[PDB]
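The chain below stands alone, shown as structure tokens; this is the form deposited without the partner chain.
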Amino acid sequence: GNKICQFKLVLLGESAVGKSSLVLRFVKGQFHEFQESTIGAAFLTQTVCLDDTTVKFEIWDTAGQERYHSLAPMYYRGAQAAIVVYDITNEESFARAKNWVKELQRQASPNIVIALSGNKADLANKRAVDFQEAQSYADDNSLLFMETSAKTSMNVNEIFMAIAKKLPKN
């Protein structure tokens, strides 16, 4: 089809949950076991086919370390969507994700679409966050939830595409 559109997506979450890995998997079909912690933010783009539309994702991959918290609004101001990422093996990272969700609900655009990624789902033998508990949390907060693995690719294209399908369209 011959339509085109573009939107801004921000990833937020505790350091080491796999934000950069998810973006690299989606954008480059790449996964690096040895990824350096991000400084401030990184920016990448992917263009995909969705139905009749060529959709360009402008992706802001934020640094999750607490020392960068005050920069976050620069990165989510203006975003049409967010993915808040946690690590399914780390309950504290899940708690931190909930606080990022609260911040977005209070301070981001009121029409932002927010997804929740329970990442590192390939490490389910070390699970700390019950799937159904996270799904219920997501449902109660109007969040798109998927468990993902940047390492295997599980649900990575799916979560990004599902967001793009739910961006307002008349």
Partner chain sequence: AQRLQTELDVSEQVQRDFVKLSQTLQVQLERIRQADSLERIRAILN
The other form holds:
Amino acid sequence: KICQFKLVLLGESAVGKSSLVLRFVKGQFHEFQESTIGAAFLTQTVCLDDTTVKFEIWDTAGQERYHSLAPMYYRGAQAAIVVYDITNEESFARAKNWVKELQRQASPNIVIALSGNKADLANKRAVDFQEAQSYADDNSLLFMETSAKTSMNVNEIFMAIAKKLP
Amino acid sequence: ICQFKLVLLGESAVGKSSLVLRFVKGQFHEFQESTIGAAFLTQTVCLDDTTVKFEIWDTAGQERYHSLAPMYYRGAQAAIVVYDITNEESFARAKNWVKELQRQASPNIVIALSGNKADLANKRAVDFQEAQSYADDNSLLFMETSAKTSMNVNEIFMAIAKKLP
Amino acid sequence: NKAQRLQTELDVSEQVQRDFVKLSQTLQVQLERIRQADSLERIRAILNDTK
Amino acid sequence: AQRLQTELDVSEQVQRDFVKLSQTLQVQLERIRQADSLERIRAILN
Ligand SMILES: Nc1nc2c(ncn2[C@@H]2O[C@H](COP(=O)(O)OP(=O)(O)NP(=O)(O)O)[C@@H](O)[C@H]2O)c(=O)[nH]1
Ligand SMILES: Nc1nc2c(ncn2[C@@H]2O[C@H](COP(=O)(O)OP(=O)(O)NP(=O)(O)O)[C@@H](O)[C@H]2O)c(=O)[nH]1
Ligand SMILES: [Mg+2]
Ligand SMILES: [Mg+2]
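With the form deposited without the partner chain in hand, show me what the form solved in complex with the partner chain looks like.
So here's everything in the complex, that chain up top.
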């Protein structure tokens, strides 16, 4: 049994989308990742136990100018990860708008995941875990704090998407 | 020992992608699709005692892509401007491409003029001499070609490589 | 006259933009396929597909 | 209006981001097409 699908990462610039993907796919973490131009594409096949799951991954440039293009990436996607920096409250609200957009534009069946990334930088956490958890529960969003730096909960959230995927 | 960037320009459908297909892959297609954005190929040919690499950018010639051409020919050592010897309008369009390069491209750019589709001489709408004169007055490398018959395709490219500093 | 030809210039802009977005998406899918190719003969086929 | 102009500018800025991006991808594809072995190839993809 082969189940490949399309997944899109969305979020304000510099919250760690690419890093997160580099982690999951190539198991790397670059400290000085440069801002994505337009978007990046990578794939990754991970088996759950018996069935093989292929991730077609679109990592979008997060800067505001690229906002109107986003649909050309998420349209026809069965999964999404909206990412924010837990040390940035503004990047958490911006993340809220991405969720509302997907809920309005994208398929109703899409599995959305919310990532509070840079959990390793809790030294200056500006977004309470419990408030992010709560926001998620109400919107039925798989939430999970992650660290592209330490790899904390990186593989899980991807793995958790695959299982929740119909 | 010597690689140089070259760009093709011309009105849509004059033969630019065919010209490059010929030169690069000896191919030709009676039904080449219109180019979207731009295409890129290279070709390494040994002059006579030195290898020169052609980095060739084949631009889409539809009008909506015009503001973008600068983004391809800036930094280019060479250009080819192509018109359809059976299309008088395409020749006029080529004159302005030449004009635009003389004003905006690098001052030492080698500009070639291609009277393409010369295999269809049976519908010549552009006098070879009316075009040879225009080229001489603008210091261009004029040369009628055919992508179908491969006529002057290697030459024009080789003339360009030759005239390059 | 002002906001006229300017609305159109925008629309053409947006049209070109989308061409190049679709162009890059196609190229990236192809580079990734190649990254996944097993044999060198597999790579030639990918490089010869459609866009 | 004033905003329609700034809208255009942003538009054309993104348009150029993707033109550049496509130029890089095409050069990389071309280097791959010139590659002699899976060695060089995986080197290019890096
Ligand atoms: N400590 C830490 N730093 C991280 C983490 N994820 C990304 N960073 C850092 O944050 C910066 C930006 O990361 P990057 O992945 O480029 O962000 P992005 O969301 O892809 N930016 P854009 O949307 O502009 O392409 C990099 O310097 C990177 O090292 C993380 O989990 N922990
Ligand atoms: N008879 C003849 N037809 C030619 C020649 N070169 C190209 N053609 C024909 O002209 C048509 C368009 O060619 P093409 O290479 O796509 O033109 P172009 O200038 O690249 N168009 P665009 O700018 O839209 O990408 C095709 O039907 C092609 O076969 C030639 O030398 N002789
Ligand atoms: Mg990024
Ligand atoms: Mg063409």
